[PDB]
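**Q** Chain residues, written in single-letter form:
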Amino acid sequence: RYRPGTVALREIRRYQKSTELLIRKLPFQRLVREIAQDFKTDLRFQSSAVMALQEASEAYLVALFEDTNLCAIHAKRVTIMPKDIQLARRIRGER
Amino acid sequence: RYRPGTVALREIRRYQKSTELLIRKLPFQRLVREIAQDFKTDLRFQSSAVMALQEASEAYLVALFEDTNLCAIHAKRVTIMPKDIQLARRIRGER
Amino acid sequence: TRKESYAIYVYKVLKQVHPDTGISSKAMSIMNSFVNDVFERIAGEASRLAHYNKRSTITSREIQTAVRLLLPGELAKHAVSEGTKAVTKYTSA
Amino acid sequence: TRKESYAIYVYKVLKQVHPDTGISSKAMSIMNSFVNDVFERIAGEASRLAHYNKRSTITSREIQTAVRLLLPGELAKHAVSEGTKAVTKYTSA
Amino acid sequence: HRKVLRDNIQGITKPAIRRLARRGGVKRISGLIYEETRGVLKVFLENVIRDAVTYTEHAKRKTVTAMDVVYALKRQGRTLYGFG
Amino acid sequence: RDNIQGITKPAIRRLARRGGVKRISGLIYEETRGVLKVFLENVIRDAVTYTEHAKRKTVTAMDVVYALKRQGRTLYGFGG
Amino acid sequence: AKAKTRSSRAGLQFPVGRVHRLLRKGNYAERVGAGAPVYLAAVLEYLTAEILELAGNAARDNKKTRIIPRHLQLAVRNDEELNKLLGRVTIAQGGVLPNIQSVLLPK
Amino acid sequence: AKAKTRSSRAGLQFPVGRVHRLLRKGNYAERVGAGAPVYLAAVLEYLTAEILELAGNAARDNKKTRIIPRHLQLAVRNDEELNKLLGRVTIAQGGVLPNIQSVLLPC
Amino acid sequence: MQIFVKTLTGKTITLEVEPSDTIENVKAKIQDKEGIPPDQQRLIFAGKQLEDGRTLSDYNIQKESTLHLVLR
Amino acid sequence: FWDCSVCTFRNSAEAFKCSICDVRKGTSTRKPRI
DNA sequence: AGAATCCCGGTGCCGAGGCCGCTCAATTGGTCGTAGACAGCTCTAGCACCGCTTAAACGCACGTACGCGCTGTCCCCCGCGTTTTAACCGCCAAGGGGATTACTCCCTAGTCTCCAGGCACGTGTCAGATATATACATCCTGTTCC
DNA sequence: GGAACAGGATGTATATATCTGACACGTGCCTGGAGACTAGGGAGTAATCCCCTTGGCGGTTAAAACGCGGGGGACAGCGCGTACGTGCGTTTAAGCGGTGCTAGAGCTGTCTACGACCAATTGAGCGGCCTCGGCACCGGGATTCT
Ligand SMILES: [Zn+2]
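Going down the list, the protein sequences come from chains A, E, D, H, B, F, C, G, N and M. According to the entry's author numbering, the residues represented by the first sequence are 40 to 134, in order. According to the entry's author numbering, the residues represented by the second sequence are 40 to 134, in order. According to the entry's author numbering, the residues represented by the third sequence are 29 to 121, in order. According to the entry's author numbering, the residues represented by the fourth sequence are 29 to 121, in order. According to the entry's author numbering, the residues represented by the fifth sequence are 18 to 101, in order. According to the entry's author numbering, the residues represented by the sixth sequence are 23 to 102, in order. According to the entry's author numbering, the residues represented by the seventh sequence are 12 to 118, in order. According to the entry's author numbering, the residues represented by the eighth sequence are 12 to 118, in order. According to the entry's author numbering, the residues represented by the ninth sequence are 1 to 72, in order. According to the entry's author numbering, the residues represented by the tenth sequence are 24 to 57, in order.
Derived by calculation from the structure, the hints in this document are not laboratory data. Virtual Cβ for every residue (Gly too), placed ideally from N, Cα, C. Take these hints with a grain of salt, some might be off.
Below, in silico cross-link-like pairs of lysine to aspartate or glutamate (EDC-like), each with a Cα-Cα straight-line distance of 16 Å or less [as the list claims (entries may be wrong)]:
| # | chain 1 | residue 1 | chain 2 | residue 2 |
| --- | --- | --- | --- | --- |
| 1 | B | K20 | A | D77 |
| 2 | F | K91 | H | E73 |
| 3 | D | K43 | C | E91 |
| 4 | F | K91 | D | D48 |
| 5 | C | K36 | D | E32 |
| 6 | H | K54 | A | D77 |
Take a look, some chain D residues computed to stay more than 12 Å from chain F by CB distance [what the hints assert, rightly or not]:
| # | residue |
| --- | --- |
| 7 | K31 |
| 8 | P47 |
| 9 | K54 |
| 10 | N60 |
| 11 | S61 |
| 12 | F62 |
| 13 | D65 |
| 14 | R89 |
| 15 | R96 |
| 16 | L98 |
| 17 | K117 |
| 18 | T119 |
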C-alpha cells in the first residue's frame, strides 16, 4: 500500500512529461455540439475544429489549475478549492 | 486616540471618494527623467506627457493594490506582504 | 491648422439625451478618445474579417458582424438594431 | 488551387542549421503559423507607426522600429543587426 | 434529423479533471473542484462557440471550421498553433 | 541618482488606501518602488522608441499614450 | 440640387461623411461599401448616447450639473457590459468606485 | 535577361518576393517601400533559425531526429525571451515544462 | 593570495589559499566557512572539473582567480 | 568542444545540454543568461 | 518486498523527404506621378531660474492586535479492488454543402463642381472650488448594574 | 469581571457668500463633404464534384463508477511578541507665480528619387508518387524509488 501523495506525485510527473489529450473525444464533441445547439441549429463541425477546441480547453484548464495551485500554496495549503478558483479567475480578469 | 484601523478606513473612504493625484509630481518627473537617460540622453518631456505617465502609473498601482488586497484576504489576513505582490503579478502574467 | 474631433457631435448627442446637462473639456476629451477607440476596434475587426473571408469590401454586413463580436450581449443587440434602422432609413431615401 | 505556405523556406533554414534533423507535419504547421503571426504583428506595427507619423509608405526604418518595439532586448538587437546586414548586401547588389 | 441532446455536461468526468489537475501540478483536489471546473469549462466553450458561430454565420456557411476556432481564439488573445 | 527614493512611503500609503487596503507591511514600500520602476522602464522604453522613430527629441503625451495602448493598458483623456 | 447631409438622410447625429473619410483614408480596406459608414455612425452614436446617459444619471445623482471624468468613470464601471467593453481602458481623473471588503470592516 | 531572385540577392532563404506581395495585398499601407520586404524576410529568417535551433537541440537532448510539437514547446518555454515574445500562445500537443513547487517534495 | 568562488545565485565567496594546496583543501575550506561538504562541490576553472587529488598549481590557478562552484 | 556559459565546463561537441549545470547550448552570437 | 521506469534489441509502417510535371507569379525595365527629404522660417512650450509658503514627509514613541507557529481534531480525499460502460477503431452508406467556374450587373473609386458645417477665435457668465459655521454621525473610553 | 451607555472630541454633510476661469454661444471661412456621371472590377447568383461530415454497428477493452480503510491535511482555539497604526513635533522641498531663452515642434516651397502599373517570361514552388528509416509498440533485464 502506498501512502497518499506519492501516487499523486508520480501522476503529476507522468502527465507533465506526456503530451496526449486528457478529455475523451466523444464526450467533449457532444459537449461542444450541445453548447452550439443554443446559438445556431443543425450546425456541422470539422473534426479539426473540435480538435482545436479541445486543445484550447486543455491549455486553458491546465493554466487555470497551475494558477490555483499557486494560490493554494500561497494560502499555506496543498488542497485547492473553488475559493482558489474564483480568486485566480478574479485576478486574471474574467470575473 | 482612535483604535488602529479606524483612521485607515477613513483614509480609504477619503481617497476612494477623491480623484486627485496621490504622487508628488516633481519627484515623479525626476524619476521619469532618471529612467529616461537610460534610453536617450538629453530628452525633452511634455508636461502633458509626464501627466499621462503619472495618471497611468497611479491607476496601474491602485489596480495592483486591489488585487493584492484580494490575495491577502484570500490568505485570511488583513495585512498585505510582498509575497502577495509577486503572486498577483504572476497571476496577472506580468512576470 | 485644423485638428478634427467629435466635439460637436458628442455635444449634440449629450444635449439631445439631456436638455440641461453641461460637460467639461477633460470629459469631452475622454469622450473623443472613447469614440476614436471604439471606431478603431470595430473598423479594424471589420477589415480583418473582410481580409479573412477573401473579401475586399467593408459593408453593413461585416460592420454588423464586428459589432456582434465586440459588444457584449444586449449592448450588441441594441447597437445592431440601431445600425439596421439607420441603414434602412438611409437607403430608403 | 495553389495554397501558399513557408514549408520550403523553413525547411531550407532547418537544413542550414541542423543537417541531419527532420521535421514533422504538425510541427511544420506550427512553424508556418509562427512565421505568419510574427509577420502579421511586425507588419501591422509598421503600418500603425507609418500612420501615426503621417507617413503613407512603409520602409526599413518602420520595420526596424517595429522589431525594436516587439522583440525584447537581445532579440531586437540581433534582429536589427541581421536585417541591417541583409539590407546593406541587397543595396550593394 | 438531429434530435436535441440535454444533460451531457457530466461527460467532463472526475478522473479527467483529476488528470488535468495532475498535469497542472496540483497536489490535492477538493470535492467541489469537479463542479467548479465543469462550470468554468462550459463558460469558456460557450464564449468561444459564440464567437466561432458568429464567424460562421458571417461566412454564410453551416460547417464550423478549425480555422474559425483559431479565428475566435486569436480574437480572445488565446491564439492557437498548428491548426492554420 | 536614486530619485526612486523620492517616491515616498506616505505616497505608497495613500495609493494603497485608495486601493482599499487596511494594513501595510514594511517591505511593501520598496517592493512597490521596484515594480513601479520596472513598469516605468517598459513604458518609457516604448515611448522613447516612438520618439526615436519620429525623428524628434521631445517625448509627447501622444507617444506615451500610444505606448500605453500597445501595452494593453490604454488610457483615455490625453488625445487619440 | 439642395445640399442634404448623409447624417440627415440616415437620421443620425454622427458624421457619416467623416466616418466614411476615416474608413477610406485609414486604409482598413481597399474598397468601402456605401452602407458601411452609416452603420458605424449609428453604433457609435448609440454607444455614446448610452454612456452619456449613464453619466448624466450619475451627475444628476450627485446634484452636479456638469459631466466630469469622475461621472464618466462611475458610469462605465457601474455598468457590467460597458465595464467588460472597457476593461483595459484607464480613465484620467476617474478614480475608483467606493468598494471595500465586508470582512475588511471592523468586527 | 537572366533573372536572379531577390532572396538570392539578399542572401536570404525566405521569399522576399512573396513577403512583398503579402505586404501589398495585405493592405497594411498605401505603398510599400523596397527595403521593407528584405528587412522583414531577414527578421523572419532569424526568428525561424532561433526556434529551429532550440527545438533541434531539445530533440537531440532526447536522442530523436524529428522535431515535434513537444520539442517546439520545450524550446519556447525554455527560452525566457522567446517566452516573453510568445506569452499568449497555445501550442497544439505542446505539453508543459516539468516543474513542481519545492514544498510538494519531501526534504 | 586570495581566490574568488562564484555560486549559482551570484554570491561570491573569498578564500585564502596558496598554490600548493589541493582541491580537497579548497573543498574543506568551503565546508568550513559555508557548510558545503566536499561531496556536494563541483569546481570549474578554465573549463575543467578540478579533480580532488590534484593541487592548484596543476590547474594554473593564480591570484584572484575566477572559480565556479556547483552543488548537487 | 563548446565551453559552457553558465558553469563554463568544457562540454564535448555532442553535448547539447551541459553535463553538470544542465544548460542548453546557445548560439555563437547570443549566449544563455543566468 | 513490490511496483515504475530506463536500457537494449526486433518488427513494422507510414509519412518525410526526394523526384517529376506544371503554371503562375516574381523578375526585368521602363514610365510617370508624387511622398517626402531637405532647407528655411516661426513661435511656444519646455527647461532652467528665483523666492515664499506651507503641505507634507521624517522621525520618534507607544500601545496593540494580528501574523505566525503549535497543538489537537476529525472528516474526507486517496489508493485499491471490482463492476460496468461507453470510447475507440474499423467498417459500412448518404448526401450536404465547401469549394470552384462562368456570367453579368451594379456599385463604388474616381473626377469635377459647388457649398455649407465644423473649426479657430472671441467673450459674457455661472458651476463650482473654496471658505466659514454648524449640527449630526462615529468613535472611543470611563462609569455602572448584574 | 462583562455588557450598556453617556458624553467629549473629531470628522463630515449641510447652509450660504464669492470670484472665477472654463464653457457655451456668436462668427468668418475654407476645406472637406455632397451631387452627377463613368467604368470596370467585386461580388452575387446558378450549376457541379466530390470531400467530408453525419449516422450507425460490432467488439474490445481502458477507463469511469462505486465503495471501503485510513492516514493526512484543513480548520479552530491559543498565545505571544513583534511589527505597524496613530499621533505629534520637526524638517524638507513641492508647488505656486513669474520671468526668461531658445531648442525644437510645426508649417511651407522645391525637386527628386522612389515606388505603383504594365508586358514578357521562366524558374520556383506547389501538387502527386515511392521508398526506407525513425519512431510506436513489443518483450526481458537492471536500476531506482516507496
Ligand atoms: Zn555548464
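**Q** For each hint, tell me whether it holds in the structure or not.
**A** How the hints compare with the structure:
1. At most 16 Å may separate the alpha-carbon atoms for a hinted pair to count; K20(B) and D77(A) meet this at roughly 13 Å.
2. Pair hint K91(F) plus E73(H) holds up; C-alpha atoms about 12 Å apart against a cutoff of 16 Å.
3. Note on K43(D) and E91(C): the hinted pairing is violated, with a Cα-Cα distance of about 25 Å set against a maximum of 16 Å.
4. Distance check on the hinted pair: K91(F) and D48(D) sit about 34 Å apart at the alpha-carbon level, beyond 16 Å; violated.
5. Taking the CA atoms of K36(C) and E32(D), the gap is about 14 Å. The hint holds against a cut of 16 Å.
6. Simply put, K54(H) and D77(A) have alpha-carbon atoms about 33 Å apart, too far for the 16 Å limit, and the pair is violated.
7. At roughly 9 Å, the least C-beta separation between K31(D) and chain F is not larger than 12 Å, which violates its mark as non-interface.
8. No Cβ of chain F approaches the Cβ of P47(D) within 12 Å, the least distance being about 26 Å, so the stated non-interface status holds.
9. Not every beta carbon of chain F lies more than 12 Å from that of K54(D), the smallest distance being close to 6 Å; the non-interface claim is violated.
10. With a least beta-carbon separation of about 8 Å from chain F, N60(D) fails to lie farther than 12 Å from that chain, contradicting its non-interface assignment.
11. With a closest Cβ-Cβ approach of about 4 Å to chain F, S61(D) is found to fall inside the 12 Å limit, against its non-interface label.
12. Look at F62(D): its CB is around 6 Å from the nearest CB on chain F, not clear of 12 Å, so calling it non-interface is violated.
13. With a least CB separation of 7 Å from chain F, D65(D) falls inside the 12 Å interface cut-off, contrary to its annotation.
14. Every C-beta of chain F lies more than 12 Å from that of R89(D), the closest at about 28 Å, which supports listing it as non-interface.
15. Non-interface call for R96(D) relative to chain F: holds, since the shortest CB-CB distance, roughly 22 Å, exceeds 12 Å.
16. Every Cβ of chain F is farther than 12 Å from the Cβ of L98(D); the closest lies at roughly 15 Å, confirming the non-interface assignment.
17. For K117(D), the shortest C-beta to C-beta distance to chain F comes to about 31 Å, beyond the 12 Å cut-off, and the non-interface label holds.
18. Against the 12 Å criterion, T119(D) stays outside the reach of chain F, whose nearest CB is about 33 Å from its own CB.
Checked against the numbered hints listed earlier, the structure breaks hints 3, 4, 6, 7, 9, 10, 11, 12, 13; every other hint is satisfied.
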